[PDB]
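Novice: Let chain D serve as the given structure and place chains G, F, E, P, Y, C, Z and X on it in line with the hints.
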Amino acid sequence: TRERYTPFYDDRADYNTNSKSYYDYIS
Amino acid sequence: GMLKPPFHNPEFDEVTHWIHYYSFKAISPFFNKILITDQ
Amino acid sequence: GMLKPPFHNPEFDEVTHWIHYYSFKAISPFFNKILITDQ
Amino acid sequence: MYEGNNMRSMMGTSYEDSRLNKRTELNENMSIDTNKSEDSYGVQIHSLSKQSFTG
Amino acid sequence: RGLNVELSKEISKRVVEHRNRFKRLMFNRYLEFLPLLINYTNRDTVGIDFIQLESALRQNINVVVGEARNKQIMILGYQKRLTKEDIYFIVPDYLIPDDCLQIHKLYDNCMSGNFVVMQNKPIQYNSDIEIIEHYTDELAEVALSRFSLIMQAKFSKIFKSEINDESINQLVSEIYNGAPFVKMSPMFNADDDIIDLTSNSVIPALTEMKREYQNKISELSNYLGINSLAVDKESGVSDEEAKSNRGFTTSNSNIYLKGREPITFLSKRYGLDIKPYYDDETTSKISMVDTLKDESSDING
Amino acid sequence: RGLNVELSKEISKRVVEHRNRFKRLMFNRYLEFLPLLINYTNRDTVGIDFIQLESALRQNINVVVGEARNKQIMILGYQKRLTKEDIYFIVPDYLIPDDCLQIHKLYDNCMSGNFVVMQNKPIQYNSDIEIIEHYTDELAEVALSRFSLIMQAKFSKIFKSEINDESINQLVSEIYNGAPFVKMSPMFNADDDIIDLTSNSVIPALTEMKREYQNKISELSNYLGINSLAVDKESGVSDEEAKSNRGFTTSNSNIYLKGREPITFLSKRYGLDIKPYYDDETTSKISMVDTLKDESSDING
Amino acid sequence: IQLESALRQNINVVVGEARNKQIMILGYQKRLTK
Amino acid sequence: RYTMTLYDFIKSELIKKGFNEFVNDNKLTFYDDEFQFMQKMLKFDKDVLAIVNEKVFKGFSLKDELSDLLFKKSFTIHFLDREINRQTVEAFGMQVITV
Amino acid sequence: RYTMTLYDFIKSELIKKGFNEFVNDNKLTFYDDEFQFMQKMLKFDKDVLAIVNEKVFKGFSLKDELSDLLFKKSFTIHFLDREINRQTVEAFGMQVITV
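Residue numbers (our numbering), protein chains in the order written: chain D, 1 to 27; chain G, 1 to 39; chain F, 1 to 39; chain E, 1 to 55; chain P, 1 to 301; chain Y, 1 to 301; chain C, 1 to 34; chain Z, 1 to 99; chain X, 1 to 99.
Just chain D, same shape as in the assembly:
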């Protein structure tokens, strides 16, 4: 229980999904 986000980190991956929503990007 007691939902914690015990990592809190840094990323190196990049994004411009040429798409209307999450959904159409999945398509």
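Some clues are possibly wrong.
[Claimed, not checked] Computed cross-link-like contacts, BS3-like style, restricted to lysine-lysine with a CA-CA straight-line distance of at most 27 Å: (1) P:258 / P:71; (2) P:23 / Y:105; (3) P:23 / E:50; (4) Z:55 / X:40; (5) Z:55 / X:63; (6) Y:154 / P:157; (7) Y:243 / P:233; (8) Y:105 / Y:71; (9) P:258 / P:268; (10) Y:105 / P:243; (11) Y:9 / P:80; (12) Y:84 / Y:105; (13) P:121 / Y:23; (14) Z:55 / X:58; (15) Y:84 / Y:216.
These are computed hints drawn from the structure, not numbers from a lab.
Specialist: What follows is chains G, F, E, P, Y, C, Z and X alone, placed relative to chain D:
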């Protein structure tokens, strides 16, 4: 078992019955018989 | 519910039965187990 | 011959007679009571009782 | 695997599932019960499984009870033209009379050999499996409206501020931890800035909808004779409180009883008492208050 | 296959189907019941199937009960010019008297050979299968209005925002999951922005419409004599609560009883007691409170 | 208690005699069972 | 409710273009103020200006060239750690019309 | 309630006109920004302008020729992933009158 037990369909609120029986009939070829007509 | 009620179907004059049973076959790892092979 | 329990619920108990009922009948009688024209040399036309067939 | 869920208007399919399942459930429950109401001075001396009789009567097949070896086994029985012989279909196996049967109704009072037919209803016009379909959809959508009403009757206290970490520390350390005396800036920061979404257009609506569900149950109930009637006679709550019009619910209860009147015709033949009474009893306290004979103490405790 | 459905104003055909089916159902139910109200000290000694009598009486054919072999089988019977002989149509088969019949009304009190005719109603003016058509359409459209009223009494909470994914995450994670303390932007985003469509112009209307359905049932009921009357005498709720005007409902109940008065004319002949009483009884609790004789314990339980 | 728990999983129990003292047993138109 | 932010966008798109903040040349440059991305967005140099004018304002410029830098600065440093609304970058084209 | 969108319209009508976004010449061009349709609608080139001016504005132009491109751009990139109301394209002629 000439009337079988009924079937209710509660989706249409309906009662359906069937009647089954086994009939058999034949002529035995071993007795005298004649025929009078204009064939 | 070991034997379900039959379905009669008079229009084909054809009774139909079902059998259910549930089962849960597992073992518990809290006991002494020894396997012997040539593997 | 073999017993088991020969009564199971249905069609294990239906290879016997299974409730012979309402056999097809000549309660109304053709060729004797009807198909009849042996009607006596009577006097008059007295009555013919009309009944509303409720049943 | 295959998965891509719709939205959280999944509830708007869960709501219509609750309605659909309620109609299916209430319909087949109500006919799951309906072939046992009468039970008629239960097995005084007579070898009838009355549960199997009443289930047969509510599919409207005219059963016929007679004698088998002097002990009244059920048989099936499908202007006045009299029936005498065993022409009808016979469900038992070897217990058949194989002799002079008759209908024991009008040949005499109490004399002829017994095979009496019992109607479900004396004069048949419409099957009551249609009336139970008639109200259960109307009942279904009022159960829809109750479920939809209490599913949106849930309440949040909306905080309203420019976002990143001004008012979060407020509610944490001073609302849900219960603290009185929270101090704030003069920048209108609760001058109706926090607001409540309430649904007090929903909870006055809630009780009246339950009363509509309730009296629609009662308006199905008095149709099919199942009634709270005798206790309403002794409680003095007779009319316009139980909004049921007593003369109509004692009317529809009586038609089923005088449909099963030929069991009295049978009862006069073999010299025994069978009256078609109308069951309304539920025990361990009613059986205690009607007896208070000390042997009934050792029965219960 | 052939399919192209209309719209979802299919309901506006389903609504009128509910009305039409309600009129058909209530009409033929009400005459499905109406030929059994009286039943008159049920089979003391007399070989009459009274159910078959009362069904014959409500199609207004004058039945005639007499003797057949001293045991009162029914027969059909269609200024004072006296009837004597068996000129009328006779429904039984060989049980005919073949002898001196008479009407046993005014030739003497209790002397002449029995064949007495029983009217449904002493003086006949209008058939009550027309009055049952007279109220059932009026009843049908008030059942229409109740069904139409509870079919549109269903309630949604309208969210209002510029569309694509601003307020959806709000209602998902913070309304139907029940969450209090939802935080929002200052852009008026609940300053009566979410709105409720309510139908509180419909639920005060609902109860009064059920009372109109109820007292219209009661105003059909007291017309055809079927009444809650005797229990209303012992309950002290006699007038203006049961809005029925007691002197009119004890009036219309009595005309059917004194229509069946010639069964008393018959009862005086053969030395027996038959009174046309008016059935209002429904059992297993009324039969318990009227007896509380320990043999009635072994009957019921 | 063991009977009513068995009845609410809908299995048709059968009570009879065992040595004249009514021990429970399990029991899974009219065709008679003997 | 949580989706993409806007600081993470131009950080990830600027790190797509060969930059870094920890090991940039060879020396440890985590502490050096002219290299980590937050200073490049608050100073709002030529580089962040180019990536905003290509990915966010994909077909826009204002009237002048001295006001237009002021508008693009006053947009992208008000909204760094903010949010996004319409669920996908290069699909909040609502920004171009409210421009 | 769901019907046709407007991004899907000009995407399908532009792919009717021989274009593609995955295998266009022979090389895999899914990642190349000058080929997939969303960039052609946000840049709003000559091509999308022609297909909007033929299928949506079937008998309209505004007064000038520099404002008219601005109006057709500001219409069709506000409403890409929006909706349609009157249930059939070439039957929301309500658009031409509100023009």
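Novice: Now, for every hint given, state plainly whether the structure supports it.
Specialist: Each hint, compared with the structure:
1. For the hint pairing residue 258 of chain P with residue 71 of chain P, the CA-to-CA distance comes to about 24 Å; that is within 27 Å, so the pair holds.
2. Taking the CA atoms of residue 23 of chain P and residue 105 of chain Y, the gap is about 58 Å. The hint is violated against a cut of 27 Å.
3. Proposed proximity of residue 23 of chain P and residue 50 of chain E is contradicted: the alpha carbons are some 51 Å apart, above 27 Å.
4. Note on residue 55 of chain Z and residue 40 of chain X: the hinted pairing holds, with a Cα-Cα distance of about 14 Å set against a maximum of 27 Å.
5. With a C-alpha separation of about 32 Å, the suggested pairing of residue 55 of chain Z with residue 63 of chain X is violated against the 27 Å cut-off.
6. Among the hinted pairs, residue 154 of chain Y with residue 157 of chain P is consistent with the structure: their alpha-carbon atoms are about 25 Å apart, no more than 27 Å.
7. In summary, the hint linking residue 243 of chain Y to residue 233 of chain P is supported, as the alpha carbons are separated by about 19 Å, within the 27 Å threshold.
8. Proximity of residue 105 of chain Y to residue 71 of chain Y is assessed by CA-CA distance (about 19 Å); at most 27 Å being required, the pair is judged to hold.
9. As the CA atoms of residue 258 of chain P and residue 268 of chain P are separated by approximately 16 Å, the hinted pair is consistent with the 27 Å bound.
10. Between residue 105 of chain Y and residue 243 of chain P the CA atoms are separated by roughly 45 Å; this puts the pair beyond 27 Å, and the hint is violated.
11. For the hint pairing residue 9 of chain Y with residue 80 of chain P, the CA-to-CA distance comes to about 51 Å; that exceeds 27 Å, so the pair is violated.
12. For the hint pairing residue 84 of chain Y with residue 105 of chain Y, the CA-to-CA distance comes to about 11 Å; that is within 27 Å, so the pair holds.
13. Simply put, residue 121 of chain P and residue 23 of chain Y have alpha-carbon atoms about 21 Å apart, close enough for the 27 Å limit, and the pair holds.
14. With a C-alpha separation of about 32 Å, the suggested pairing of residue 55 of chain Z with residue 58 of chain X is violated against the 27 Å cut-off.
15. Between residue 84 of chain Y and residue 216 of chain Y, the direct Cα distance comes to roughly 46 Å. Violation of the 27 Å bound is thereby established for this hinted pair.
The structure fails hints 2, 3, 5, 10, 11, 14, 15 (numbered hints given earlier, in ascending order).
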